[PDB]
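There are 4 protein chains.
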Amino acid sequence: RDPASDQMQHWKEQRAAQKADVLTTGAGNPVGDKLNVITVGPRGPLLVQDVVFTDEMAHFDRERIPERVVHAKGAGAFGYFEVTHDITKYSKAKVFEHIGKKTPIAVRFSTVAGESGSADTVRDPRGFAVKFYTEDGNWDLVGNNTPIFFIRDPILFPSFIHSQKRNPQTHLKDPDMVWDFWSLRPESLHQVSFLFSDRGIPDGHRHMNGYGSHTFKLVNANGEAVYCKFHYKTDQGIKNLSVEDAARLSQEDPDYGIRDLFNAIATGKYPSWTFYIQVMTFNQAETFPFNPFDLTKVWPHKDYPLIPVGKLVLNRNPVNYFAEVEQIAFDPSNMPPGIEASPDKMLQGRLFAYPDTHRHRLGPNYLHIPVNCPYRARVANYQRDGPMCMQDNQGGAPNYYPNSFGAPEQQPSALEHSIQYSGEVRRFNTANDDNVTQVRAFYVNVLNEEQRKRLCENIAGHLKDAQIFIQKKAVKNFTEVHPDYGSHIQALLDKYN
Amino acid sequence: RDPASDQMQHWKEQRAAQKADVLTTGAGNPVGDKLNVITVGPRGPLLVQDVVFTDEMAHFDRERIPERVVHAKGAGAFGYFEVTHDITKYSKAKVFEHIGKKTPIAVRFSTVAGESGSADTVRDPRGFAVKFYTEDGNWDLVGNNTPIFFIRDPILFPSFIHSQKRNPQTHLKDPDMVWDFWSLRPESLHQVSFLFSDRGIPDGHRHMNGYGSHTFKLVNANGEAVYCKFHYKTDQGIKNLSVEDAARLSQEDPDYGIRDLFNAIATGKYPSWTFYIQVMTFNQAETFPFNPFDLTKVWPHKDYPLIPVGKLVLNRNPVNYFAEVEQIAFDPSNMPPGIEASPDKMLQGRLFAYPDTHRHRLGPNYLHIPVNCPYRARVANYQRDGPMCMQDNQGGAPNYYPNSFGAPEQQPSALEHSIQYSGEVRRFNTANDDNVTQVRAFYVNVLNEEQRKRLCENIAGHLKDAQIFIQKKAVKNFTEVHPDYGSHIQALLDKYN
Amino acid sequence: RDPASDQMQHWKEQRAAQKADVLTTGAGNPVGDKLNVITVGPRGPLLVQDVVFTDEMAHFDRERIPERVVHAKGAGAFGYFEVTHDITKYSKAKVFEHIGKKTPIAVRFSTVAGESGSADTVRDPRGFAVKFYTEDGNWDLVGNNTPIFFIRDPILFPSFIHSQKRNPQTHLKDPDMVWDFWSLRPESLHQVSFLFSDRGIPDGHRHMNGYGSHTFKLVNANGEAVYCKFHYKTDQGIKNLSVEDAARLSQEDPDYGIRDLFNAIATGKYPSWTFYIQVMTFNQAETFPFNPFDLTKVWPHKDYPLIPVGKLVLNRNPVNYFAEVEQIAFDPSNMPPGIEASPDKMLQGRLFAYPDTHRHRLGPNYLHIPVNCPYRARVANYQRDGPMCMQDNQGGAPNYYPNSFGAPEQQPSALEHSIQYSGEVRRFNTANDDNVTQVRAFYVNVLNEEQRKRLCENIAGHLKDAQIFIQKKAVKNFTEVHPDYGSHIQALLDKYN
Amino acid sequence: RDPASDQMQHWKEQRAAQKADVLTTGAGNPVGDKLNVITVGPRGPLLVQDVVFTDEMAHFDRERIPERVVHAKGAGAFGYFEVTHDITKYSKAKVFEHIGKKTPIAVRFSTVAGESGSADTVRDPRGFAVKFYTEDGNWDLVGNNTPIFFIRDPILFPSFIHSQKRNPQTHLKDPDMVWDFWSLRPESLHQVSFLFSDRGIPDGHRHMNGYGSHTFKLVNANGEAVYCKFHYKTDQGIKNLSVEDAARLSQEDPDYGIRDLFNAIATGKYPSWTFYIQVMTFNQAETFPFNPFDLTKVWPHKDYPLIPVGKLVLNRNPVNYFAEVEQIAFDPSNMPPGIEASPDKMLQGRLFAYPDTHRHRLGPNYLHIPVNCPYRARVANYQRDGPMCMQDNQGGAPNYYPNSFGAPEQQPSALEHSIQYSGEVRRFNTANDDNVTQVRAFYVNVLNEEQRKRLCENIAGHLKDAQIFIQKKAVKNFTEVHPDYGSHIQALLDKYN
Ligand code: HEM
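Protein chains in written order, with UniProt numbering: chain A, 5 to 501; chain B, 5 to 501; chain C, 5 to 501; chain D, 5 to 501.
Keep in mind that the hints were calculated from the coordinates and are not lab data.
Please note that the accuracy of each hint is not assured.
The list treats identical chains as one, so a pair stands whether inside a single copy or across any two.
[Stated by the list, open to error] Heads up, simulated BS3-like pairs for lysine-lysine below, C-alpha to C-alpha not over 25 Å straight-line:
| hint | residue 1 | residue 2 |
| --- | --- | --- |
| 1 | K16 | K476 |
| 2 | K477 | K23 |
| 3 | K237 | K98 |
| 4 | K221 | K306 |
| 5 | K177 | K16 |
| 6 | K16 | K468 |
| 7 | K16 | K477 |
| 8 | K273 | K177 |
| 9 | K16 | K480 |
| 10 | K237 | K93 |
| 11 | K273 | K243 |
| 12 | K98 | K23 |
Here chain A stands alone, though its shape is the one from the complex:
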């Protein structure tokens, strides 16, 4: 059979002639019989002194932890990032310091709305998070398979996600929720167009691109900074599943993406992605026709060419999924010297959200979990204690800063980039920023006739279940992007209605 199916057989074969280990309780006490409980006589009641039973059952009763609030369904793999080009003129980050430099990486792919147990081959964006274990600590590039997103302000994120998930009363998917939100928030037009196109359902994780999406900031050795976009293109080529094949596969194999990735790596077909960056100077940022920090916008390639940096290669499968994949945590705020945040409101919100949700989902000391540990860096600070403190807790080192006793010292070279911002400190409305121009270019130039047809068919197929008033407003938005876009969807809706 395939490698995945033969997991146990292979584990057995590796043991070879070795005698089985002694079965023990959690406290390491050998177990005499773990197949029958202790009772008063053959047909008598169970005894409390059967600690073997309680020890095992109590742990079984505690196996589950909360699934991720979004991107719950996924797959993971490990490998490395290798620098192929010199971009030190832009970033001083150690991960990019020299051509040929390899940094270990951990990756998790995922859908967005579905819970654990949902199907892999469904229309939804795809998470493509990368953890770089650098000497300057971990760098988490928490990307998606799209360069943009549905909204441009983080305060609408919980609402958007709610609208994409289950109705609070019925617990069912709700087309009224989905489309009422999107039609009321037309900034979503760009990503909705990409979502409903062919790339809405990639053929597994190896056949899609990855993007940082947000504009980030790079700082060099001289303290000079530029803005950038991260891109990682699949070396296996873009490949998508038709709506029909995706539907069939969601029933035949809900874990299609997990299986495909595991088997590819197990057979030596290590997937790779070519890593690039787009660079925009501060001067160019002032002249960009849109807000360069607006997540619903892309930086046109003809104006901001992709610059090659390196390669991402996945060549190792997880040994224990729960420990290495379910428990892995990526924080966009994990950025080493040379890489910083941009003023993108969405990115700014994410700086808070991830460590926050991880403290809840995993625990206060989630960074102690092996897969999350910045193992290629010495963690030395003034943080102590907390639940499940699994390391030496920094021993007897002086726990306050500053101190006259030789404890860890701050490193001035690691100081962040200083910038002057103008304007009042308040809430600035961005609902009316451009919501259609780049979407028009996508519909007209990025897609061809047959792709536009499928796009309209995909949208109408889902939108038809929303109330007419919602259908009307959604169509009004599409029409504003392009009359052909709106009219084609309307014609399909008429047929359905």
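With the hints as your guide, set chains B, C and D with the ligand onto chain A.
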């Protein structure tokens, strides 16, 4: 559209002609703008003083709680239990005190192995838990849609569940795990035969029966006791889904069971079940040909006739699914005077497991969550504090027993029934108890030729993916039940292989 | 005896004409005998079916929750706030709406460094937090018994607290930690001077003042803003305990403050405080000699006169301490319209810290705990679920914003005050702001000779246990405040050494 | 100064020849400035992008975990147990296999009622828990400084502890609660007598004995069993503190016990205890005049002589108290082959309670915490996952038992000892077992007149604050032990009242 689809529309209409509430933070502070965050100028970074954002995001980051270790995918409804017959000669429980007596109930239906985003229409047993809010506290009859189970000793439960779930490394379903366990533990033959028959995939929750499965004990007003089995048969009739339709539905509508139940209740088609009991005297328990407390055995209806008791009616849908369904907790140990446990090893283990897992999944004070509260009884005791103590914690009442200050007193009439047991206190092996006799009767008499054909096809369709040595041992067990059972499966496996 | 001692006797008497409640399990099942466990025969082992035992023991095993990271030892009480003067020209907050308007309040007093079982009468600042349950949600004024604090930047807070607590290895109080930090961070001179003065150990909670400490912002109906300080002076008069009496009481009655407050309220001696504010216009903020938002500075009374506002009255004792006091949570970020944060770096950090620690200490849904509920306001928003969701979770109301289904709407009038700030976004050092001027005024003008004598004796009595190099550095700081301050301390240290 | 005081100085000196480590965030990113936060200009608000601040503050906000429900205040140390005599004829436990065999141990000493922060030198029993890291897993002998306890049934434990702690309304110690419980439950007479004697306040942890208290069962290589009692007598000699000195020290140094133990070990004065066992054959258990499994009874030395076994030596202090002491967990149920529980109801209850409370206080995977790890044993089983899974989670090993893939196997030689029982499974009352005989022997034969006088004085000094009716019932109990015991106490009470 259907009621479920129109949930929001109906909520809106109910409010109609009245102003929307003021949007507030969790602390009740009115929100001026919850659509834009506070930034340093229109293109500057986010401020910590945007508490509206953090307050909302922090809660979003904490929405998820651990799903149930088993039976994670489900649907809920509410209604009542009504006594139709007098069984006070068997049980003094207040829930049965008089004909016509109505007791409010809460019910949750579910599959077993699949996680929260899995499909409803798959082969698996179905949970059918009933919470009776009685004057003597809550009585939780945590049943399944089958009168039996796969194993007869609780220490094997975690292992059985593990074998039914995901491979620890690949995170994929594993036929080797499933069948290695079942073939090595032939006591599973009886329930495996039922599982792979037509009733393995019921047409929604309204078309299946419910059973307490375990033998329980009933105690009357005179202190006399008998053993019993609880049965609740569908008044809507047994109806199943073909493998083909179940497969199609798992893709078309993974929430088929949830939708079906909600819409039935919303349209006034309240589903009901006729509640019965079988009674076995202590004398009969001594002469029963098998262990009457063996969960892999049924009490033949010819020898132990069904005695009608009342009816279960579900006439109310949940208003908020998370609060009323995801958070509901059923403990088999919640039994009021008149109903007690039997020596069934499986039941004995469950007495511990449920409250234990609930303290983890929900929290130490999970009984304080509205849907879990014994609202028709006054909780008065010496228990105090704990996380999220959401009631006045019994005020200033003396917190130790005994006391001379008028605090709660034990009630002699609530004392449990006493039975004498003799024998060595040790682990008694039950692996070699009868594993085939009742299974033969099911295969030969309960099923007919066409049903036996489908049973063998369903088993072979799944078992064919397990290694040959596993298929062989499995077939050996089936052959022991009946040579036709094993040979038919083998013939089908021969084709597949 | 005193009211506190007679708590149980009074509880008993209050229900003399009633029979005791029936003792039940957590699920409301009546208990027959809660004085003996179930065993097989008189001297046989314990049975798992003794669910009465497990239910009670399991809850006992979960009684404790984490104590507050700081201010762990405290006392609580309830009452009201009454407006007595009109300050609507400064703040539009509903709590100040009309003279005569009463608002319910909850208060918690506490020490700072000591854990839960520590003594009340010890040198340490005193917490004086006030929760106002207003119609515009809860307003939490989390003050101390001092107008200033030891540091002026929140990032040094964890270090400061660590220095004040136990050595990480020995778990003992450490004078080297205390004074190494204070001597290296001389901005602490002002509050250290207050701390070691006679007011360092107040005679209970009723004989001390309360202050918001931080500069806050008030906004009126016209959108005009001013900066303010909150002061609440004791109507019972300032009264302190001598070092000797405090030491004796810490042994005789570690709960002196708790007992004193309870008995005063129980005997009708309701303690009260007169509430005032200081006002500083934005223009005055420009001319202030120091940073008006520097927490180590006060606003001189002659320059900024106290303006009376109202009264704080405590007239109700807690019924259950754990539920109403141990579980109470105050968040400085809970500010209703009309009251806002100032740029005080320390306050800014607290905006994040409290809700954050509360989600940990109490739980994600801590605002649903009765005492923390903004019961005078209707909480309506788009937040849902989370562990121990204790209400109907807002039912079936649409859960995303914006929506076309009548769910909660934002209120523009509640929009925050806009301000333009100048300067780069970076880390500005404040270690070198003035650390001695206001301290000199306190030493020279506020204190008299005998008070200066005790201040020096109190400091020297503790500082004498720190290493000589730490003593030298500390004295150097005190000398900069005033040569007598340092020399008197040095003279005493020479004596101790 | 003393070693404890010079902790930081020594840590600094040990690293004199090294540069300080680089201060990093939790994720290992170097910190440029951890003394000032990022603001909008020098007097502007705080930015969310100051991740250094949030990362540190969020951890500070989560430092605390629930303190132990009982025995919260303590001290810890490490060392070894060395076998000096051969008791293999009684027990096959590997910890006793041969003379000269050393097993690493971890010890925690403590008081009982006081919270963390309470004083060490107060009247209360003292915990003396010993963790033996053996090849057969961990063996936890969770003893006290007394051979007996206040009660003989575990269901009264939560009540007893409640009566010993704070009043639920006032949060104060309550003499009425303490004595109402003790007077109503006279089985407490024996331990109350020990508690109020000179040994009620030992001079530190090194000057007191340790006892397993309960009767345990020892099983040898031939499967033969005997009952036993564990005793570990101080080699430093019994030394107690007077009521006066204890009171003064409770104020001068609440951490007297912690300091004393740390300095003793730091200076090379390693404390030791001589380990003994008492042996009672099953025949003798049948003839014992009292219930040999009654926790309020001792086995007289003349009839059951102490048999030397080995030595407990503490020669290593904790490096980090929180990690090694606050987080240490002892489970009485952690018993290796050769050591088993007896029918003692109290012990039976503790088999459940400890692992249960640990899953709450520390977490589901608390056995993963370094100090709790059975590091001298290979943990191999079918347990998986759970929050904070800090190990490899047993990799890809088959997770179900039985299995055909070479995973861990039960060890028949680890099977527990079988004993036959016969009796009703019910609640047998033990309130009326002998409550005075052994107490009389203590009062009359063990103590002298000088000691009896202090015993009566210590009791009366506390009992005087309980109501008169409680004083009378308590005195009636003491009178039943001996008329002089009651009359002397009554005389002192008369003087006090
Ligand atoms: C020794 C065997 C068993 C053990 C240890 C066991 C354990 C569990 C556990 C730990 C849960 C999760 C509970 C929660 O998180 O709310 C569960 C759920 C469930 N089990 Fe069992 N179970 C066993 C046998 C059975 C049997 C024989 C039945 C039926 C007669 C059954 C019916 C159910 C149902 C219906 C649920 C879900 C209840 C709900 O809807 O919330 N279980 N079981």
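Hints versus structure:
In this assembly of identical chains, the alpha carbons of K16 and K476 lie at most 25 Å apart only when taken from different copies (19 Å versus 61 Å within one copy). In this assembly of identical chains, the alpha carbons of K477 and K23 lie at most 25 Å apart only when taken from different copies (23 Å versus 69 Å within one copy). For the identical chains of this complex, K237 and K98 are intra-copy neighbours only, at 22 Å inside a copy versus 57 Å across copies, given an alpha-carbon limit of 25 Å. Taking identical chains as interchangeable, the C-alpha atoms of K221 and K306 lie at most 25 Å apart only when both belong to the same chain, with a minimum of 21 Å there against 50 Å between chains.
Taking the shortest Cα distances, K177 and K16 sit within 25 Å of each other only across copies (18 Å), while inside one copy they are farther apart (43 Å). With identical chains, the CA atoms of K16 and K468 are at most 25 Å apart between copies only, with a shortest distance of 21 Å across copies and 53 Å within one. Taking the shortest alpha-carbon separations for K16 and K477, only the inter-copy value of 18 Å comes in at or below 25 Å, while the best intra-copy value is 60 Å. With identical chains, the CA atoms of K273 and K177 are at most 25 Å apart between copies only, with a shortest distance of 23 Å across copies and 37 Å within one.
In the homo-oligomer, the alpha carbons of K16 and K480 lie at most 25 Å apart only across protomers (23 Å), although the nearest pairing inside one protomer, at 61 Å, exceeds that limit. With identical chains, the CA atoms of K237 and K93 are at most 25 Å apart within one copy only, with a shortest distance of 23 Å there and 61 Å across copies. In the homo-oligomer, the alpha carbons of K273 and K243 lie at most 25 Å apart inside one protomer (16 Å), although the nearest pairing across protomers, at 47 Å, exceeds that limit. When the C-alpha separation of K98 and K23 is checked against a cutoff of 25 Å, the pair qualifies only between copies, where the shortest distance is 21 Å, while the shortest distance within a copy is 46 Å.
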